[PDB]
Each structure stands twice: as structure tokens, then as C-alpha cells.
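The form deposited in one PDB entry is given below as one chain in C-alpha cells.
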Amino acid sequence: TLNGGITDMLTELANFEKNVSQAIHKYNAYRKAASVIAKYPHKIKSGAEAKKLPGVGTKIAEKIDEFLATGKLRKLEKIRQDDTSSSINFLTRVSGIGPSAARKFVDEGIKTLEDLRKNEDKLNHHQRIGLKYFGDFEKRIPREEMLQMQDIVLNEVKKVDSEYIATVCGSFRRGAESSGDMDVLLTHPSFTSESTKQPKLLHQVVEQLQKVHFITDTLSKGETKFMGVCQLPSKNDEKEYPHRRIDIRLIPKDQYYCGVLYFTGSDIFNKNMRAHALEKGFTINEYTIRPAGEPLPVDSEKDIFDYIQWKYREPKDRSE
């Protein structure tokens, strides 16, 4: 329920705008109208009614009519049948395949996972992992596993250096009963915004997690960001836990809190809070919040909230 009929239709319209139309802003517009209609409390019984809401303009209001009147969106119907667009859309679901490669692949007739597997040369490194773990990466990871996942990371990071500070942020920090990836925030004293008193700080952590057979594959690895694959150690004659995504960020200690607010999200919430900082006369990024002038001081997450006249929303409520 919950105007679910509309919000699906919108969300579906959005995924076709990103993946097929490569119209990133129409995608955002649709998801937006969707997240708003989702908060509206009433059963929308009219396009005009929905048009009262912000984010709902005419076109979406037109579409709500066709939907409410026919239980169907003839555009969406056509799109779902369409071999080309159905494929470009599907392949996006492989990490490393955005809309741009999706369309290359379908142009050359590559349209399925089977077609991808027997085209391994035509896949860069990332897309080859994305295929190899296509299943696992769409599986949700239970909080019970998030915890097992947390222990290993905190345990191994301190084994490298007792001065590191590692914080699982993301859906996890928001109490969510299950999460998609493992987002992890990392800080060390040598790395500050002012200076980099030690190198390989991220590397060390990655190699250690890789030494203990926790991190199994790398998608992208820089000085300050890691994107990777990891796997709980299993038991004897027992099923192998699924392969899971993990993102590690090395934030300057001085900007720790601007990084927490950011890696905690949510993404809809983040753009919702960033878009309110601009109108309140501010710019908020994972490092700083600026007036764009000099770095405003920060020693709490709420500090950022008051700056834009926002009541502090406990991490559990930033699920927008």
C-alpha cells in the first residue's frame, strides 16, 4: 500500500531515465516525486491532487491519471516489452556497467548474463567482478552478519595500528535491520587535512584485511578510497556465506564528523540536506561546510544541523 502503485510506477520511470535515457535529472525528478508521494499521507485519487505536492509537476500528474484510470502505464508497458531497453536496463544491474556500457553491450547484441560470461575479454576488471558476484551482491546482508563483519574489521584495523579509528557507517549506523554493502569510515592521526604524516594508511588496512582472507577482490583502490568484495569466514562442512560489497574511506581526522554525516546518509537524505544547505546559504560536503568561504568549525554532527536550521535527526531517522 502507501500509494505504492504510484511510487513503483515513478521509480520504474526513473530507472528507465537513468539507465536507458541517460537523463540523470529526470531520473532524480521522478525518484523525488516518488519519495514525496511516499510521505503524503492520503490515498491520491487524482493527478491534480498529486500536483499540489512539491516535486509533482504536470507530466507526472498526467501519468497518475492514466495509472489511476487504467491500472497501467502504457509507456511503461511498451518499455518492459522492448528487447533493447529491457536489456540495457538489466545489464545496469551488474556493478561496473552503468548506462553507457549497458548500451555498448546491447548494441553488440550482448544482452544477458550468459552473453557477458562468454565475452569476458570485453569486460574491464570491475565488470568481471560484477558478473562473477551478480547474485551475492544483490543479496541483502543481515545485521547479525554486519556485526560479524564489524568485529573482523575493527579487530584487524587495530591489529595494524592501535591509533586507527574505524566506524561502520551507512545503513548499519542507521539501525537498519539489514544492509546492502558494508560502508566503513577510517581515520588515523598521521593523515589530517593539514598534513599527511604517513603513507599507505589505507593500503595497510586493505592488505591486512586481505592477509586474513576477509577482502577477496578489489574493484578500485586509491590513497583514500577502497571499493571491494569481502566474505565472512565459514564453518566446517558448512555453506559459504555470500560475497559482500565493502567500501572503505580514509577521511582526515579533522573532518571526521563531516565524513560520518556523509557516509551515514541516506543518499536521498543527503541530497535532501545538501539541497537545504544551499538555500540556507551553505555548502556541505564530506570534508567541510562552507559559507564558498573558509571551513566552518565542527565538533558534532548536530553542529551541521543547526547551521541550516534543521532539528537533529538521529541516524535511525535519516532513512529518507
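Only the largest set of C-alpha atoms that superpose within 1.5 Å between the two forms is called the rigid core. Positions refer to the first chain, counted from 1. Compared with the form deposited in another entry:
In a rigid core superposition between these two forms, 43 is the single residue of 253, 43, 280, 271 whose Cα is displaced by 2 Å or more. Annotation: rigid-body hinge motion between these two forms, rotation of the minor part against the major part equal to 10 degrees.
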Second form
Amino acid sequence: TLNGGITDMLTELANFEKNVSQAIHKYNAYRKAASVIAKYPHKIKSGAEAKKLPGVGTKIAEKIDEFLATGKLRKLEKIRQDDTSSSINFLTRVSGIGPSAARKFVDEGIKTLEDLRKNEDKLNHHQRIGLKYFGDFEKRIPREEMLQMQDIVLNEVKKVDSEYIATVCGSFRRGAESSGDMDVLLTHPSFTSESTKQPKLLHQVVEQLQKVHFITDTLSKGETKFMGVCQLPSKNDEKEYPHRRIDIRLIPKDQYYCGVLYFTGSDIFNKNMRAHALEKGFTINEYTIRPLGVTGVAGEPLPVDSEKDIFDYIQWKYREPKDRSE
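Please give the other form, namely the form deposited in another entry, since only the form deposited in one PDB entry has been shown so far.
Excluded here are partners and other molecules; the one chain stands alone.
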């Protein structure tokens, strides 16, 4: 919030290039800049001062100068006036409506909340659930509620089988006082990178949480990734808690540290760290860190015993979860 005007402006630009332009790389660029400016511990006085930060190049620096002089950015004033953009940006806020569907619905003449509720038959299952909880999914989750939600998940998980390990990652593991959703990383000794000795390891846990009415809706579901909806139980006479997004990732137990690294994030932190891994000649995913022969093709999984081992391989100081909120 110290350069909060500049980082917002850049976040708006990022969303424009993503939802309207469909320029994924311009989107990531704006977001990197906004991230490296958010952590910058001084109040930016000029575009040139900002340009010294990596990821802030010439075009962004002039946009900062313009914002500092006037309080605004004309390119954004224009983008806001355009009706196709405004519609597209709005539709992309429904979970499951991306840039393509959004542009597609606009061509169909579907461009308001009202248009979507009246053409529910024109949405896929995810989009239908994303529309139903539209308001709820715009709210943040207070850490106190994350804590309540954590008890239930962990204790319900323990009820299905004491050998599961469930770990709330995401922004919650980085200490955030609020979160957009709850991310849960799941391990069980039966599912390793070697073998799967038990099927439906994820289904059972989803099933338990549906049973106790914690999980209310399913966005998508496969053998290792669940994306759905949950809700904390309310007390008597008390207004209900908003419905919350929940993601659940089942990961081979021997690959826990790579998995907990990835799912802890932030997304921009993983991108910076994975790009540094590439520059150091490594490739990191949620399963393994592997070397790169000049071939291009990744070699074999390196041995990992902690999050820090991954950091060491690319020659970075270890950074605590709270210090990864980029």
C-alpha cells in the first residue's frame, strides 16, 4: 500500500492484457513489475527510480511518470470507456469464464450478470457454479476462518485414515491475514512416485468432506487435483458464512517438499524461482527438480529432503514462506 496506486494501475493493465488482449506474456510482465514495486521499501518518486527495479522497463517507467503527475493513466481511462473491454473484464470474473468464453459470450450478446443468470443453459458445469457463488467468491477469508476451516479438513482427513497428511498451503502458509481460498496438499503413504497401492485416495477424502457437508460443490475432480466449494457451518440464528473456493492436490508422498514448495507460492514467486532454476540449468515442477543437459530435455529427479535442498540446488538463500509473498 506504500506504492499502492502504482501497483493497482499495473494490476489493471495486467488484467487487460490477459482477459482482453489475450497476451499472456504482457500479463505476466505487468504482474512481475507490480510485484517488485510492491515490495520496494521506498515511495516511488519517478519512473526512472522505478526503472532501476528488474522487470520495470521503459514503457512502465513512463506510465509511472504519467500516473505520478496526474493521478491516472489515459490508456486506462480509455480502456474503461470501451464497452467490449468492460464486458470482457467483468465476465472473466466468473470462475470458469476465461478470455475465450468471455469474448464468445459478448458476441452472443451475453454481457451482464443478468444475461448470465438467464442463459444458465449456455454455461458448462464449472461456469454455472462460478456464477452461483459470484459474490461469495469475491470475498476474502479472514485467517480466523481459515483456521476454523483447517481444523475440519485435518480432522475429517484423519477420520478417513490416520496415515493421510493434509497441509494448508497457499497464502495461508505464507502467513497472510486473509486468503482468496484454501489450498490443501494431501499425502498418503500408499501413493508414492513408485506405486499407487490404493485407488480413490482423493475421492475418499472429498467424500468425507461432502458427507459432513463441508464441501458443497465440485468444480473439477480427478485422481489428484480437486477444485470445489466449501462452507463453514453456522450457529443457531447466525447468518451463514459465505461459500469458499477450495483446492486439493494429492501428491506422491516422497515428493512432498517439491509439492509443498509449489503449492505455497506465491505464483509469482514460483515463476521467478523456476525461471532462475532454468538460468541455473534446472527445471522445477511440483514433483521434482531435474537438471538440463544441453539437449534441452530434463534429466533425472535430484534427491530432495527439504524445501531448502531445492533452494540450494539453484544457489539461493532459503526464504521462509512468509518471505515468498511476491
